[PDB]
Amino acid sequence: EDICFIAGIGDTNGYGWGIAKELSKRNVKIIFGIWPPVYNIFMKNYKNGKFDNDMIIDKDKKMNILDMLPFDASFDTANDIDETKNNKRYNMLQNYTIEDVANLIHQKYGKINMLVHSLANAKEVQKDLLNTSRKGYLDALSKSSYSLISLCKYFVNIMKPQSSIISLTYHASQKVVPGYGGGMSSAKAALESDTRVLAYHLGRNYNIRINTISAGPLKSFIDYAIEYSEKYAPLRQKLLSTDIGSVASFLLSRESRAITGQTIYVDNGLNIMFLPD
Amino acid sequence: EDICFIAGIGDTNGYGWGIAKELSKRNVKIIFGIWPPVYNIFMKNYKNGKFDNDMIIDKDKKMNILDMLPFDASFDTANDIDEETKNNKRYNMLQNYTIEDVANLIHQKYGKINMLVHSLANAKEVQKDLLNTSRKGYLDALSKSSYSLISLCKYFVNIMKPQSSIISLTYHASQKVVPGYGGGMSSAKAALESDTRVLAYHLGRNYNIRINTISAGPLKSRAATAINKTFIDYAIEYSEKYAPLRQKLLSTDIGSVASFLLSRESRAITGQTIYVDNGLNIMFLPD
Ligand SMILES: NC(=O)c1ccc[n+]([C@@H]2O[C@H](COP(=O)([O-])OP(=O)(O)OC[C@H]3O[C@@H](n4cnc5c(N)ncnc54)[C@H](O)[C@@H]3O)[C@@H](O)[C@H]2O)c1
Ligand SMILES: NC(=O)c1ccc[n+]([C@@H]2O[C@H](COP(=O)([O-])OP(=O)(O)OC[C@H]3O[C@@H](n4cnc5c(N)ncnc54)[C@H](O)[C@@H]3O)[C@@H](O)[C@H]2O)c1
Ligand SMILES: O=c1oc2cc(O)ccc2cc1Oc1ccc(Cl)cc1O
Ligand SMILES: O=c1oc2cc(O)ccc2cc1Oc1ccc(Cl)cc1O
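Protein chains in written order, with the entry's author numbering: chain A, 97 to 178, 180 to 317, 368 to 424; chain B, 97 to 325, 367 to 424.
Calculated from the structure, these hints are not laboratory results.
Hints should not be assumed to be uniformly reliable.
What the hints assert, rightly or not - Chain B side only, calculated, beta carbon under 10 Å to chain A, not exhaustive:
| # | residue |
| --- | --- |
| 1 | 158 |
| 2 | 162 |
| 3 | 251 |
| 4 | 253 |
| 5 | 286 |
| 6 | 400 |
| 7 | 414 |
Every residue gets a Cβ at the ideal spot worked out from N, C-alpha and C, and that includes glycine.
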């Protein structure tokens, strides 16, 4: 049976949740990686039932969450944590680096076969690119782009061949979105290019596929993008996290065995438009 | 329960058959639109059980085919059919094979459908390089391989439900140079990819219908064999050697992607060119 690790979830309002919901329809067991400083809050809400309605799949089943672990996309191995290890919101948690999480999952449940990268972080997102600092820019690339490579590097060892990996990206990488600042656009451009390069390496070496989903806006600026999307997209339906979810589910399955290295647009077709009318 | 019209089947060796086969797996009802030059041959083969192995899905399941209809994408309506064709040895016994007539016929027999597959192409002069292609040959390719999609849409949107879905097939020669892909096929695929976007806007806004195109890798179909002056064997060997995924590309690999795009699982994807080619398109330098 199938296990998917979803790295980067903090609530039920984002892409990771909708991806988890849809995979659950196929009886995929889900492991969530949750950013350590929001990990306890998430567990609290979880235990207090807050996510119960959100976990309902259909008349018969709820989401099968196999586990929830603290996961920090900033840290490749235990050797990379600087005071931080003993910071307020870190010191009651352990084994949350990328390598530690891979070891932990493998120790508890063996090999997995689906991997979802769903994280993005830029401390200076509100600053436009031209006014972004080196530190802010590199922090964005580290958390939002390198973390994909590191994820792949450490998880391939614990995946079955014919496994499949996806990440999330955004069209600001390819066309100008004023407001998507702080190097997030740069991060997405690097993420999309790396998906190809990773596709070559993982494909030839391991028979593992990797693709990325370029999603439309979901409020998880965003008010403008959502308004503009809903007014001008070819399809005028509301974009749902589960719309991204079902596409992810397909890319993560053997149904898409011949697709790799692609950026797939799931955005009601908004990306095809030039001139709004 | 879903009905799909697949335009462009001649045998079991192409993408149309693989798409049919994968749609059947999902209990979609499939109607074949078959070019009249090959229609009788196909039916005879079918009726003599020659396709029986080919219809085997798995150890317990076989394809089920709702209907098989003569179909020629050159002709929009009956008034477009030239006398010579109308009286030709392979067409003269056939009827309701224009784009408009086949749409009417399907509607009359089965009601509204919800899935449409364009899986055809033609170019008289494919063996010539573009620079040496005649005006007539170039326009033949565009008419048959590209405009046909537009017209299929115009007539079928009236026999389709909202939230229905349309796909066609294209090839990466539209975007990057593949020298042997001549006669304006490259041009035709470029137009088809652009038209897919323009059509997605119109169909999405006015009808809530989606359209996408699948850019497939090489497959040794009858029509791919037509290309050599061999072209497809080179294409296939090259793909199997240099693609990220080094496995044989099957028609059913395209078929399960088509099935996904045609289903409501892809409701937020439209206007897109989706590559199903083991990743070959992402390569610059073949190691
Ligand atoms: N929401 C949109 O409008 C939009 C559009 C296109 C693409 N995307 C992409 O979708 C993905 C998910 O975003 P979302 O909108 O679902 O938000 P989300 O909250 O559901 O998920 C993103 C998660 O990343 C987590 N995170 C941040 N730093 C981390 C770290 N270093 N280690 C581990 N986790 C960390 C955050 O806690 C956050 O929960 C992102 O990659 C984003 O770029 C979003
Ligand atoms: N085989 C490949 O390597 C390749 C690669 C990428 C894309 N494609 C595309 O896939 C689609 C199917 O091609 P294939 O390779 O499966 O070849 P094919 O022989 O299976 O399909 C061509 C079919 O279209 C039919 N046809 C041709 N002209 C027609 C017309 N005037 N009206 C009605 N039917 C007509 C032919 O009878 C034939 O059955 C085409 O659009 C092609 O360009 C093929
Ligand atoms: O999850 C996010 O987390 C973030 C964290 C940050 O600090 C800055 C931006 C993001 C963006 C994030 O997602 C986005 C939301 C909306 C759009 Cl249109 C695109 C996105 O990439
Ligand atoms: O369907 C076709 O129909 C044709 C009809 C013609 O008259 C000439 C070429 C084709 C090619 C056709 O399909 C292809 C086959 C192989 C590749 Cl790599 C690309 C293709 O588009």
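Hint check:
The interface hint given for residue 158 of chain B is broken, as the beta carbon of that residue sits about 20 Å from the closest beta carbon of chain A, more than 10 Å. Here the hint on residue 162 of chain B is broken, as its CB sits about 23 Å from the closest CB of chain A, past 10 Å. Taking 10 Å as the C-beta contact cut-off toward chain A, the hint placing residue 251 of chain B at the interface is violated, the least distance being around 20 Å. Because the closest C-beta pair between residue 253 of chain B and chain A is about 14 Å apart, greater than 10 Å, the hint is violated.
A hinted interface residue such as residue 286 of chain B counts as satisfied when its beta carbon comes closer than 10 Å to some beta carbon of chain A; here the least separation is about 15 Å, so the hint is violated. At its closest, the beta carbon of residue 400 of chain B sits 9 Å from a beta carbon of chain A; the interface hint therefore holds under the 10 Å criterion. A cut of 10 Å between beta carbons decides the hint on residue 414 of chain B: the least distance to chain A is about 7 Å, and the hint holds.
Going through the hint list in order, the structure does not satisfy hints 1, 2, 3, 4, 5.
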